[PDB]
Every structure is written in C-alpha cells, then in structure tokens.
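Note that one protein chain of the assembly has been removed; the remaining protein chains are unaltered in position.
Should a chain be cited, it is by its letter among A, B and C, assigned in written order, with residues numbered from 1 in that chain.
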Amino acid sequence: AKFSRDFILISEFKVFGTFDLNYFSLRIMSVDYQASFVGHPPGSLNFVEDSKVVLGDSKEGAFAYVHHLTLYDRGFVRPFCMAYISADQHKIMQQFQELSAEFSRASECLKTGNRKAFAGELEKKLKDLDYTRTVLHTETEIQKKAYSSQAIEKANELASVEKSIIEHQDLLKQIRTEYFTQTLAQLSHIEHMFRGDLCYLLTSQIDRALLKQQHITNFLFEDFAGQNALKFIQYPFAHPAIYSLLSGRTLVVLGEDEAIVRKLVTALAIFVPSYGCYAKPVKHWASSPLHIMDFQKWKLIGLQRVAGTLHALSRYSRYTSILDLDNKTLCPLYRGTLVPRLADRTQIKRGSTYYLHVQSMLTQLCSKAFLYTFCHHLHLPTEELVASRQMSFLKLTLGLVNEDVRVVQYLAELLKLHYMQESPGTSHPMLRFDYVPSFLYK
Amino acid sequence: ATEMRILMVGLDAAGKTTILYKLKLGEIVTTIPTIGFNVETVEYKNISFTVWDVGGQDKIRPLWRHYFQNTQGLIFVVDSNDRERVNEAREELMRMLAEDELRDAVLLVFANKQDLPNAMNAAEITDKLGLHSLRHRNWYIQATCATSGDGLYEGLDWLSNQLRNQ
Amino acid sequence: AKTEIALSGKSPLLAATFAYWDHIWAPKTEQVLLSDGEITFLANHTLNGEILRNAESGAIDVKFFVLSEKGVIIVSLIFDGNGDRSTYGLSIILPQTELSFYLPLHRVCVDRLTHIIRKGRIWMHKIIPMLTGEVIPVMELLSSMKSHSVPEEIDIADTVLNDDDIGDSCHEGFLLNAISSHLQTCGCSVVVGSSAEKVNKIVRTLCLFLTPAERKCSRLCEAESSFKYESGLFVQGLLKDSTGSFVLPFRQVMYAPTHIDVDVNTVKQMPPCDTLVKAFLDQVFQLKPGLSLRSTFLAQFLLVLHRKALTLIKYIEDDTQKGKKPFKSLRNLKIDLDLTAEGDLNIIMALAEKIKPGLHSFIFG
Partner (left out) sequence: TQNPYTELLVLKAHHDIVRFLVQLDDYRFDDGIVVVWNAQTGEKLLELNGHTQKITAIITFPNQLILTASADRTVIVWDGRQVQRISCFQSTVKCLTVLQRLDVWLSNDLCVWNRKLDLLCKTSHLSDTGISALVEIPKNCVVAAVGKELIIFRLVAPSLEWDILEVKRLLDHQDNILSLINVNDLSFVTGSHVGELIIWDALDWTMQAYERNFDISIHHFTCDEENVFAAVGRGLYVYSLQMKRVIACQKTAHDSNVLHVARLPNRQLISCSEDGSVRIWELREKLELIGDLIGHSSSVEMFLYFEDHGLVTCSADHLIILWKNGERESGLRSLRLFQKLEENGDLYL
C-alpha cells in the first residue's frame, strides 16, 4: 500500500532514484500502470508544461513535468516525463512552489545538454551526407562528363535533404555522459531533503524564516547526544552543574577513563553559551599543569588522574568548579527555579525529544536577556538607587527567584560586548568572576 | 440521420492520422504519434462521419476495448508494406471481433499504403486477412494511397450504401 | 454562449466553464488577450483526458494545469453523473503572471466548488439557474482579494503596538483577551467594526501573529461594498451597516474547522472551531518602540510558541508507535511540558493543527 518517489518514462511502440534503484516498491503500485495513466495529450521549440494527477487505489499523483528530450533519428518527438509521486496528498499542493524550481533546474540541465548531443549527431550526419555529396559531385559528375539522369535526380534529392539538415542545424543552435551524471545527481538531491513528512517540512521553513530577523540574539545557541545526556539527568545531585555551566564558571572535569570523559564533554556542550564567530569555547582532553590564561577562552576542560591534584587545583577554587568522576565529588549552594524545570523525575523517553525541549526553553532566556539589555528606563539614570532598581526589576517584571538572577546579567554582558566588539574575550580577555563561597557534595 | 461513429484503428506507424487529415483538409503535415486520441468529423452526402484517431501502440493494444461503445462502423486499417507481424495483427483483429460487446457493430476491413512494389494487389493481402474465413461479418476493402489521396472516397461511399439500411 | 458579467475591481479571473461527450461564463472587460475559441481549445485538453472511468461512488478529483504553452493556469474538479451516466465538472482559468496568488487560496476554492457541485448534483436527479447562481460568489471572493488583504511584510506602523501607552483598565483586558482568543481559535477570526480606520488598524495589528503565507489568506476591511462571512479565510475585516445586525449565516460559520468589535469592545468566541501571552502583553510596552527594538522581541514569543508546539507533537507521536495504542497520559504530559495552565496547554495545542491535522481528535477528541 505504498508508492515510489521518482519515475521517468517514454512511451512508444523506467529509472529510479528513491534509494538508487531501491528494491522496495511494494506490490500495490505497478511499475508501468501509472506510466500508462500519465500518458496524456499535454504537449502539442515548445516549452515547459507542469501538471498534477488525480487519486486512485491508492496513491495520489504529484508533479509530472513533461518535456521533450531532443532531436532523435518522429522528427523531434521525445515524450520524457520526470514524474514525481508521494503518498501524502496535501503535501505536493502545499509545497508546489518550492518543488517546482528544483525539477525546473533539473530539466533545464537536460535541455542545455542533450540538445547539444543531438547537435553532434546532426553535425556528423550532414558531415557524412556532405561527404557523400562531394563524392557524387566529383565522381558522378566526372562520369556525366564521361542512367545518369537517375544519378542527377538522386543528387538533387540529396541536396534538398542537405539543405533541410542545414536549416535544422541552424535553428537548433538558437538560445531556446557529460551531462547525465550531474542530472542524476541533482535528481538525487531533489529526493534528499523531502523524505520527511510535510509536518516537519512546514516547521523547517517557518523557523528558517523567523531566525533571519533575530540576528543579534541568535549567537548563543544557533549551533553552527541526548540518551547519554538524559542519563546525566541517573546521576544525582547534578543540577548545580547546569547552573555552573550557564553562569560562566568553568566546569573542569577531571579523571581517567577517556571514554566516559568524551561521552560527557560533548553531551553537556549543548548548555554552553557561545562567545562569537568561534563555534564553541570547549576544550577536549586538556593535559597540563594549567595556567590562568588557559581558563580565559577555554570555557571548560578535561583533565586526567595519572595514578593528588586536588590541592594543586584547589588554589584556583574561586574561578572554577571541580568535577571528579570516580569519587562522585563535585559549585555554590543553589536553590533556584530556572534550571530544575530545565532538567527534572521526568517520564520523557527518547533522545532527541529532550533536545528540542532544551532548545525551546533556552531561547526564552535569550529573549529575557534582550529585554534586560535594551530597556531604557533601567540603564539610563546614585549607585545605591540604580542598584536597588536593577535588583528589584527582576523581582517583579521577569519573575526570577533569588540567585537565579546572576545568569541574566552575564548573558546581558555577552550581548553588549557582542554589539560593539563581536569578540568578547578572544582578543580582549574579560574573565568575569565573583566571590561566592562553595561547598562539596559526596 | 447524419451521425456516423467510426472506431478508426490501426497498427503502429500506419499513417491513419494522415488518413484523417486527408479526409478533413486534404493536406499533408508531419505527425507526432498521437498519445490518447483525436476527435474530428467529416460531413459527406448528408451524413456527418465522426472519426476518432487512436493509437496503435502494443502497450495500449489491450486498451481499445475502452472505446468499444457507441461506434457502429468498426473501420480498421492494416499496413501492407510491413510483411511482418501480420499474424499478430490478424490475432488482434479476431480477438477484437470475437466479443459480443462489439457484436452489434458491423465489420469493415480496410487497407492502405500501396507504395513500393513489394506490396501488390490485395489478393494475398486479403488472403492473409482471411475474408472468406469469417462468419457473420461484412468486409469490403480498397487500395488507397495518401500521397495521391485517392480511394478513401469510395470507402465512404460503400460505408454509406451498405449501412444506411440499418 | 459566454454570458459576460462584471464586478467591482480589476479582474484576476480570465474565464470559467463546463464539459460534454457524443465556457458560458466570462470576466467582461476590455480587450481580452485570448480569443473565445482559445477557451474552448484549452477546455478540450483538460476535459478529453478521462477515458479510464475508474470511480467507485463519486468524488472531486481536483486537477491543476500550469500549461506554459500559452501561459494559463487551469483548475478543475471532474465528477461522474442528465440522460446518461457521463462525467463532467466545472473549470476555472487564471493568467500566468498571477501565479503565486492562487496557491494559498486553493484549499478554499476547492471547498467552495465542492459545495457548489454537491448542490448541483442534488437538483440533477430530483441545470443552469443554479449554475449561474452559484458561480458569481466564487468569482466574487477571488476577485475581491486582488487588491486587498494584509500582505506578509507588515510593519508596526499601524499596529496596536507602537503606541507608547499601555492603555487603561479596559484597554489592557480587551487586548489581552483578544490575543488569547485568537491564539486559542487556531488563527481564524474576523473583526466587526463601525468605523473604517479603526477596523483596518486593529486588523493589521492582529495580523502580525501569523505566517507570511497565511497573510494572503485574509480579507481587508472597507466601507464601500458589502462583504460576506467567507468561511475559508483566517482574518477578515468588514464594516457593519447602520441596521444593527451583522450578516452572518449560522450554517456557513459553524461548518468551519470569533467576534471582536471596535465599538462596544467585547470579544466573544461564540462559535467554536493563560499566562504566557499575559507576560508578553505586560512586557512589550516597557520598551522604546521608535528604534525598532520592540519589533525584534515580537518574533521571540512566536518562535517559542512554535517550538513548544512541535515538541508536544513529537512527545505525543513517540509515546506511541506513530499511533498504535491509547494515550491515557495527561498529568505526565502536562507536568513535563512546562505548561500547567489549561490556557497555555490549549495555546500550545493550537499551533499543532496547522502542521498535523486531526491531532485534537487523536489526543482527546
């Protein structure tokens, strides 16, 4: 009860692309019954002709671009249909505008191509016919100088045919495997991004339409995986790690067992706010006695226990929070409301389901940061009064709780540094910090 | 009193479309092999002859049955130059005349395209058409050429003379 | 056989006609580009192609031709059915240059024609009065939108936004309730207004919350003609006559898959088809809208709505094997989706239907 996703036929007296001649075309859709059905009058140097088909038992038709191929040999007939088909009716109608252009370019490739190839056949043919005419006008002409009336009649017929060929060749110049390879490649490309349902395709265009307007606030999580990440939310007392990651404090992950370190260093990289043109300021598998500059533009790093270093790294305890894996030891005491909803005892299944949850709930904070950074009745005008109003604005308008506020102005600093420099901490190191105490959890 | 539906059929590359063009305008134009059908009619001797050009493709050979209604005259054209697939053509003819759906309609075998001396007078052509073999049928054949454009007229005259009695 | 008729405004339609087997309608204008016989020649191709009468009981098999040989778009819905059980259906013609205009309107044109044919077949059993009676409204709806309706790229120049004023007690409640009702009515509602500039302003304002393609699925207001409650458009502006009664058929409106008045200022969703929006309403006024900084924050709320809707669809579609079992999951669905308010849940659900229809039934309908 299925249907193919490409076809091509020329009915007189074929071809695939679903999965490079996929074998699964289950026995409810005949290979050439629809080819017989699409055989229709339409088309009578010509030009393009789009169409649509009707339902049946039980697959709806789709874009059936019909275009003549070239001059074969009946003089120029070449009924080449680059038919497409799908089992979702409304999808073709809704996406017709986008679907048309790709097939149009594909067919224009064949037109700018195989027309040239007929080209050569015509050329040679006349060349061969002209050679025959030269042989006639030399040898047969000498023989006449030496019945011959029939030879002259044949020569006249050949000259007329040669004139016809010359005129046809001159006309075919006109604007109107060297090329077939990229045409099949482009057909495969057309098949490529439409595999999904229309439900996802509509969003894939609506979101792309929206994001070209939020040019300023998009640099945080524009992104230019879950199951392990979900398990990190089987690991108890992991909540403050998210806050440390969000607030700008470096979260050093230190331990042996390369595999687990690489499992977590990329799983937790979704939560890292960006800096600028650089993709992500994440360091993979750092190995050194470390320096302060190393903490500047590497937002988080991973070290290894060469069987300690807790006293060696505990001197820099005001700038980073330390995570140790095997001992399950690991941030300020945090009683918030923002991140607990970002990661709960959730009954969510599947990996990518949680990724979209995070991606949706993250942009809300981006909008909040935009508001805080670009309200004029706050930054514009005593230090005591301005601090009081800034601290009280978030208690009422944005509805935040206690220490959760800290991340907001951090992100805001990112935005304002972006607006002018576009390079916060890459060539002009900032390295913001605080004097909050800490605590250790077993 | 003026209607005449004709199921004009034929084999591939038979120029039956050129026959229809001769009947309509009497002029030769290049023809792309027709895909579905054409609808034209000619009025002659106070009766309008309605002729539908069809396709003779082997894939659509088991498709003419969908045109097997409302036609009284089963005019069929067989090539004479192509001394091949004549048995296949005969089998197709007997299979399209054996069903009671077309039993009401009256048969009219016909030929064309004398052309080169390879195909000659209709004795053996009609023999391979087996005119004497059929039972409960009628047949009357002329030799016609499109270039000269002569012969179709007497075919129409015979159609009229032998069918106006109903 | 053409019966030339005229209507106010420029003519988008180029023709419209019928079909037989052994064009009476035309947009009367000046210097038609293609002759009368051309309509017939075009009509034969679209008509003389059925042959294979593979129909069980009867349905509208909508076709669509973009036939660039002459530059004409053809739409038809052929059905079987008098004297003989033949097949025949209407047809509609548009010119090539008016290509993008029809595409958003296909889903309403097909429904209108289907209802028209369903009426005609009723009178066929037990011929041309109905044919001409229900051919002008179809040619009126599409002709009206030629130079009206809100385009996609609308600024905040004539919006309720860009006001520098939050409004009184009644204004805030009216605005918040209007936006809540719109978002909870799947985005299909028309505005009634006594005045002209007020209705146009509020309609253009409320149209900012829709997709760009959806914008062409609208109807601007005017005080000249007499429009009708076309039950296929999303946002429609109109003017009410001094009689005191709106022309709103009950059957046409109810069959759709709200009422907002500029004068009395009370929104009511009498025919059927929250804190997230409250926050947006309360905060958007606290910024300076002169320098466009208030425009950008508009997009964020809609984006957060779309993504929160898509995640609910995915969470519903993976809790069962693309549909193989009862859902029986409400508390868990509400808790983890960061939406405990019933209004917020309904708002999130509303954006889902625009992508995946039938989900309301599938979940709890």
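Criterion: a contact is a pair of C-beta atoms (placed from the backbone, for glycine too) under 8 Å apart; a residue touches a chain by one contact, two chains touch by 3 or more.
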Among A:215, A:345 or A:442, the residue in touch with the chain that has been omitted: A:215
Given C:48, C:195 or C:296, the correct residue touching the omitted chain is C:296
Sort through A:12, A:130 or A:413 and give me the one touching the missing partner chain. A:413
Residue of A:189, A:318 or A:349 touching the missing chain in the full complex: A:318
Which positions on chain A touch the chain that was left off? 215-216, 291-293, 296, 315-316, 318, 376, 379-380, 413, 416-417, 419-420, 428-435
What chain C residues would touch the chain not displayed? 291-293, 296
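Here is the rule we use: only the chains that are shown with their structure count from here on.
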For chain A versus chain B, what separation do you get between their C-alpha means, in angstrom? 59
Please tell me the distance, in whole Å, between the geometric centres of chain A and chain C computed from their C-alpha atoms. 31
Among chain B residues, those touching two or more other chains are 36
Note the residues in chain C that touch 2 or more other chains, in rising order. 48-49, 52
In the complex with chain B, residue positions of chain C that touch it: 22, 44, 48-49, 51-52
Residue positions on chain B within touch of chain A in the complex are 12, 30, 32-33, 35-36, 57-60, 63
Provide the residue numbers of chain A that touch chain B in the complex, in ascending order. 11-13, 32, 36, 39-41, 44, 74-75, 77, 79
